[PDB]
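In this view, the complex is presented without one of its protein chains, the others remaining in place.
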Amino acid sequence: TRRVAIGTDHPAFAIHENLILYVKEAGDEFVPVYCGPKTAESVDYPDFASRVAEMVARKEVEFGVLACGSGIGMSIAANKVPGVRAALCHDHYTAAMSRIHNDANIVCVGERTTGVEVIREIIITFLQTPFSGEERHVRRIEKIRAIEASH
Amino acid sequence: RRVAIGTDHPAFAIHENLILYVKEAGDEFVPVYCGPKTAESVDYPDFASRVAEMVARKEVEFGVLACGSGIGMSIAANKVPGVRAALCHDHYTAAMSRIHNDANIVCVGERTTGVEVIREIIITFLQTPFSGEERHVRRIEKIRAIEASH
Amino acid sequence: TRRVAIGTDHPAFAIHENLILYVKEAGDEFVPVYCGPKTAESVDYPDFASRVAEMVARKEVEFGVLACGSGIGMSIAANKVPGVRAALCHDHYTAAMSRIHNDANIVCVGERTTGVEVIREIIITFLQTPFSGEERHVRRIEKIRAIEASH
Partner (left out) sequence: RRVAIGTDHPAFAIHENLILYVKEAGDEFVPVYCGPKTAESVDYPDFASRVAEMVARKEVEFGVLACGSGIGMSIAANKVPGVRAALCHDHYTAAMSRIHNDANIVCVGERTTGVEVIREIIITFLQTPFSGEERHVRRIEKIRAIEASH
């Protein structure tokens, strides 16, 4: 099976149950591992982005799902972890392309920007869409790794 | 207020659009074009890296990056310490990336988002100031600490 | 002041309070007139679209706000009423342009597609943005009226 770590900030916690469900809906082979806040209390998105991102980078899980108001902060923070390719997605097309082109391992969504049924579609599309494997994409992904190494 | 612009090959089609949209944001905004000179095939991480390093070094205040979806641009740019690159798809995301995240690079998808919405995104990104709020400052500092820890 | 009638279907009823608030946020001159379901009970979107659309067409109110899952059914149903120009909006740009170009009098939104903070921005933008008045737009709007008259 394929483990999928999930994290949110405080307001996106409203939909953490949704996110668990949508991971499961992508197929029986996907196992949600919830790592978000246990409560509605105030938190800082970078702490939860880091947590999920580290799990992905250390390969404890295959994929990450991160949600906050816009998804923007989650995508910035998560990408700061070497080995992470986190994609802010807003529709089916970006969800699919992040996998096909970028072999993205983390999907980020905005709970105050994107309606829940579109978030559902984003998560399912992201999990089900395979990486293309094509020459140019592999080269570009390796160049991103090169950038990490240079810092 | 200098603004470095980069694209890949497909998005090169709108590089003159992006230069124009930066100027439309105000007389003080100065575009510095760093993308491909031709329509020939290039790799997005190279141009992401060029723009991102300029922002990180403090050579320009802002960056603008375009490719098909904007996704690879935002991933590659964020690998540079000091960069906070925001993939925006509308006015709301453009504004909030500045207000919440003090984003210094805006990424757009030329194949996903129409040019008139791209225009709105770039103008909003440049014109909208960072809120300076306590919580945002703290969280931005936490991102910097994630960079440092790696 | 400027009266703004509001209608939803059953699931979008979850945010009817939001919609009332956002109308008020556009300015003190905008008065929300709630005409949606009073309860979470099952309803048919055309009945509520019609209700708000008729109010706009008879000029009892200046503007309408309609919400359902996607906003699509509301825009179809509302446009069936002569005198109504109902715009399905998904962002700030479409909200502004519907006013500038089409002098739209009803804004439709999808509660399951568009996040609430973007719905907020759509409603404020739609109410605050004036119709341009330009020659070509007036001609085109009159042509839409011509289409109504021919049926």
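Going by the order they are written in, the chains are A, B and C; count residues from 1 in each one.
The working rule: a residue touches a chain if its C-beta (ideal position, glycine included) is under 8 Å from a C-beta of that chain, and two chains touch if they have at least 3 such contacts.
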Practice problem: Identify the visible chains that the left-out chain touches across the whole complex. | Solution: A, B, C
Self-check item: Residue touching the undisplayed chain, where the options are A:44, A:121 or A:148
Solution: A:121
Quiz item: In the full complex, which of B:111, B:135, B:138 or B:150 touches the chain missing from this view?
Solution: B:111
Practice problem: Kindly state which of the options C:32, C:36, C:64 or C:73 is in contact with the chain not pictured. | Solution: C:73
Quiz item: On subunit A, what residues meet the omitted chain?
Solution: 91-93, 117-118, 121
Quiz item: In the complete complex, which positions of subunit C touch the hidden chain?
Solution: 44-47, 49-50, 69-70, 72-73, 75-77, 79-82, 85-91, 93-94, 97-98, 101-102, 104, 110, 113, 136, 139-140, 143-144, 146-148, 151
Practice problem: Identify the residues of subunit B touching the omitted chain, counting contacts across the whole complex. | Solution: 68, 109-117
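One rule holds in what follows: only the chains that are shown with their structure count from here on.
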Exercise. Tally the contacting C-beta pairs at the A-B interface and at the B-C interface, and name the larger one.
Key: A-B
Practice problem: Measure off the straight-line distance from the CA centroid of subunit B to the CA centroid of subunit C, and report it in whole Å. | Solution: 34
Quiz item: When you check subunit C against every other chain, which residues touch at least two of them?
Solution: 117-118
